[PDB]
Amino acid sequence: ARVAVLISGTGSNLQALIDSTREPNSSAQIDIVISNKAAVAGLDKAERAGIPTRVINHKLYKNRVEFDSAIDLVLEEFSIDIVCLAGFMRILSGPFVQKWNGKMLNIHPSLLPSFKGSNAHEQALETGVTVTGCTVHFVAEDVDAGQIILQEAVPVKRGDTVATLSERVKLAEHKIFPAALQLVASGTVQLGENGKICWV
């Protein structure tokens, strides 16, 4: 399966995905890395791996449905089968999420039914849970509510801050994101017709 990773920052998860797809048994290949910003060091890691990089910029023109179309064009140019959101800070339009239904993966820093949103760690700490984690799921129109592929629980330690807890959860992210991409790319897991995850 041909893969495109959309980033917006450092992209630590991108590196994990790059290392994973380079293994001989990987059923996925990363062909294009699309960045939201044009500075972020995610593009550099892509370059070091010899992966085509390419930017966009909202400031360049139009509404939302357009910006996504500018991306979708690059996706068509490279014949992409699967999309991985690796720290892509920019909501997608309803049509784009429609076009790539069951073909776009996202990693969220919480045991998902809980703490949906962009500040999951702050919520977890404020709520006082002793166990949190991360989730890889198919992207649906309903934010952070697509079908769950994999999850990994991570303990919260007393005195934890966003800096220390995110660091611990990040180690779990580097494990399940690549594993989930392999499950989807190999055809082992797919968005089920009954709406639920299907393990063939």
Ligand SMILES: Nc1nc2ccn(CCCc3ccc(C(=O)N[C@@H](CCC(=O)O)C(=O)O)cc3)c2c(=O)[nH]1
Contents of the next structure:
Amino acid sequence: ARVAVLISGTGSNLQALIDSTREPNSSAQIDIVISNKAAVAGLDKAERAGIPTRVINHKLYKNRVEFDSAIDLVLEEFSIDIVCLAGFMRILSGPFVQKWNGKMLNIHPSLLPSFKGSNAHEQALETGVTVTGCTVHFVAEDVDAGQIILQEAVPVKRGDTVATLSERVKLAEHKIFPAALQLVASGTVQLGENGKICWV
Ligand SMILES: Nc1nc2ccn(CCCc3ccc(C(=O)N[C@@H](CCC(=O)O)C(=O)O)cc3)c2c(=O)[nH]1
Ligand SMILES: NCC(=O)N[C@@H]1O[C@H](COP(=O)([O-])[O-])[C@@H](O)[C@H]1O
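Other form of same protein, the form deposited with this ligand bound, not the form deposited without this ligand:
Every chain and every other molecule in the complex is listed next, the one we just looked at coming first.
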């Protein structure tokens, strides 16, 4: 399956996906990396592996739907079957999300439903949980409707900061995201007709 990865930042997950899709048994290939922020560190990793890159400054579009269109254009150009949000920070329009229902995955640094939203690790430390994790889900319109593909739990050591906790969690993200991709791309896990995750 032809995959596009959308980044915004460092791109350590992108690298996680790049490494796994280059494995001989992989059911996916990363034909295009698309960032909405220029000069970001994840663009140089895409280039280092010879993957085409495109930058789409969200700041230059009237609204979201005109920004997503520019994205969906590139996605069609490279005949993309699967979209991977890996550090992508923009919210997506309803139409753009409906089009890729069942075909878009996101990696989130928390054990959803807990600590939704952007600053997951910040909330987790204020609440003071002993266990956090990451979640790979399908991107539905409501951030709490996405069907959950894989999760992995991570401990919260005493005296953790966002800088240390997020570092630990990312070692799981780098596991379950390549796996959840491989599930979806191989046609093993599929969003079912009833909208709940359907194994096969
Ligand atoms: N439609 C839909 N789109 C997306 C995109 C990712 N996800 C997965 C959920 C994780 C998430 C939670 C919160 C934010 C966020 O806060 N975005 C702001 C901040 C921008 C800034 O801080 O500059 C913005 O875009 O303005 C982003 C992602 C979904 C989803 O589930 N649904
Ligand atoms: N709201 C989405 C979100 O917070 N995504 C998070 O951003 C990081 C991406 O890091 P990377 O730039 O190393 O791939 C990851 O920790 C991921 O969970």
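Numbering follows the first chain given and starts at 1. Residues that one form lacks are left out of the comparison. The term rigid core refers to the maximal set of C-alpha atoms that superpose within 1.5 Å between the two forms.
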Rigid core superposition between the two forms: residue from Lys175, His58, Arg168, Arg54 with Cα shift of 2 Å or more: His58
C-alpha positional change at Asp144 between the two forms - rigid core reference, Å: 4.6
